[PDB]
Each structure stands twice: as structure tokens, then as C-alpha cells.
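**Q** One letter stands for each residue in the lines below.
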Amino acid sequence: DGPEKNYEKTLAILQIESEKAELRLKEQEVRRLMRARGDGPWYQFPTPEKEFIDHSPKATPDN
Amino acid sequence: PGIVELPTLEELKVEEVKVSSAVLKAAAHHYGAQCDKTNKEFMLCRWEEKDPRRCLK
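If you're matching them up, the sequences are chains h and X in order.
Residues in the first sequence are numbered from 81 upward in steps of one, following the entry's author numbering.
Residues in the second sequence are numbered from 1 upward in steps of one, following the entry's author numbering.
For reference, chain h alone in the conformation it holds in the complex:
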């Protein structure tokens, strides 16, 4: 087919691989930041459930 086919295919491959490398580095940074200070979706460690707390009036008023 000629040299331009291989040339532009190589350009497309290089663009894909460079984008993948940048995405992997960004993913590493995102994971590190979330694990250090969990405020995104990931690394959300559990917490006791709020809905299982009694709020009805009880025997002792000092609650």
C-alpha cells in the first residue's frame, strides 16, 4: 500500500500508547491521593450504621 499507511498507523499507535502511559501515571497519583486522604469514591473505609440508633425517649432522661 505504500509508506504513508505504515507511517500514519505508527502515529496512531504512538498516540494510543502515550495516552495510556499518561492515564496510568494519573491513576497512580489518584490512588495515592485517595489512600492518603480518602475523599473520593475509592478507599472509603466503613463506619457503624447510623440507622440502628435509638432515638425514642428512654427510662433515663439524661441521654
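Each hint should be verified, as a subset may be incorrect.
When the alpha-carbon atoms are kept at most 30 Å apart in a straight line, the in silico DSS-like pairs for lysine-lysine are as follows [claimed, not checked]:
(1) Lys138(h) to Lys37(X)
(2) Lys138(h) to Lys25(X)
(3) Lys13(X) to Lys40(X)
(4) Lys13(X) to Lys25(X)
(5) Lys50(X) to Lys130(h)
(6) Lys37(X) to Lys13(X)
(7) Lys106(h) to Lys89(h)
(8) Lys37(X) to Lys25(X)
(9) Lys37(X) to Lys57(X)
(10) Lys25(X) to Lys50(X)
(11) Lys13(X) to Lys57(X)
(12) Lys50(X) to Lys13(X)
(13) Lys18(X) to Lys50(X)
(14) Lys13(X) to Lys138(h)
(15) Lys37(X) to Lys50(X)
(16) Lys57(X) to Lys138(h)
(17) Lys40(X) to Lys25(X)
(18) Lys40(X) to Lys57(X)
(19) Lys85(h) to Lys100(h)
(20) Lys138(h) to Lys40(X)
(21) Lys18(X) to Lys138(h)
(22) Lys40(X) to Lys50(X)
(23) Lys18(X) to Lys37(X)
(24) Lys138(h) to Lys50(X)
Don't read these hints as lab results, they were simulated from the structure.
Fit chain X to the known structure of chain h by using the hints.
**A** Same frame as chain h, now just chain X:
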């Protein structure tokens, strides 16, 4: 932290009922029928404001 604010003995002074438990239980039902409104107000303030110092009156 901050110090705790609690009232003095003059604020806690009242004419206590020097009445035994058998006497109270004998007069229990009529005391619960006649003095009901003040008692229910005190229980409402105690169960709303958990602090006992807000209900001395």
C-alpha cells in the same frame, strides 16, 4: 476544657416533702391525678432538655 456551671445550694434549696414511701404510695393515685400537669411539665422539660440544671424551677 471549659469549667462546668452548676447552681449553688441557695438555688437548690427547697421545702422538701419529709414524707415516707408508704405514705407516698398511699397517696399515689390521687397525687398522679391532681398534680398531673406540673409533673408532666417537669418530665417534658427533663426529657427535652437533658440537662437537669435547666429544670430547677
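**Q** Each hint: holds or not?
**A** Hint check:
no.: 1; hint: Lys138(h) to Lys37(X); in the structure: holds, 20 Å
no.: 2; hint: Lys138(h) to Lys25(X); in the structure: holds, 24 Å
no.: 3; hint: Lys13(X) to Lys40(X); in the structure: holds, 22 Å
no.: 4; hint: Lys13(X) to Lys25(X); in the structure: holds, 25 Å
no.: 5; hint: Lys50(X) to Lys130(h); in the structure: holds, 21 Å
no.: 6; hint: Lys37(X) to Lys13(X); in the structure: holds, 23 Å
no.: 7; hint: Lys106(h) to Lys89(h); in the structure: holds, 26 Å
no.: 8; hint: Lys37(X) to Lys25(X); in the structure: holds, 19 Å
no.: 9; hint: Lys37(X) to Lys57(X); in the structure: holds, 14 Å
no.: 10; hint: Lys25(X) to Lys50(X); in the structure: holds, 27 Å
no.: 11; hint: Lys13(X) to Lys57(X); in the structure: holds, 11 Å
no.: 12; hint: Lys50(X) to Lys13(X); in the structure: holds, 21 Å
no.: 13; hint: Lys18(X) to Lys50(X); in the structure: holds, 27 Å
no.: 14; hint: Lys13(X) to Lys138(h); in the structure: holds, 28 Å
no.: 15; hint: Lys37(X) to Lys50(X); in the structure: holds, 20 Å
no.: 16; hint: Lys57(X) to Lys138(h); in the structure: holds, 23 Å
no.: 17; hint: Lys40(X) to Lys25(X); in the structure: holds, 18 Å
no.: 18; hint: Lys40(X) to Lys57(X); in the structure: holds, 14 Å
no.: 19; hint: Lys85(h) to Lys100(h); in the structure: holds, 23 Å
no.: 20; hint: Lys138(h) to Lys40(X); in the structure: holds, 15 Å
no.: 21; hint: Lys18(X) to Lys138(h); in the structure: holds, 29 Å
no.: 22; hint: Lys40(X) to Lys50(X); in the structure: holds, 15 Å
no.: 23; hint: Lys18(X) to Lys37(X); in the structure: holds, 22 Å
no.: 24; hint: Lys138(h) to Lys50(X); in the structure: holds, 12 Å
Violation of the numbered hints given earlier is absent; every hint is satisfied by the structure.
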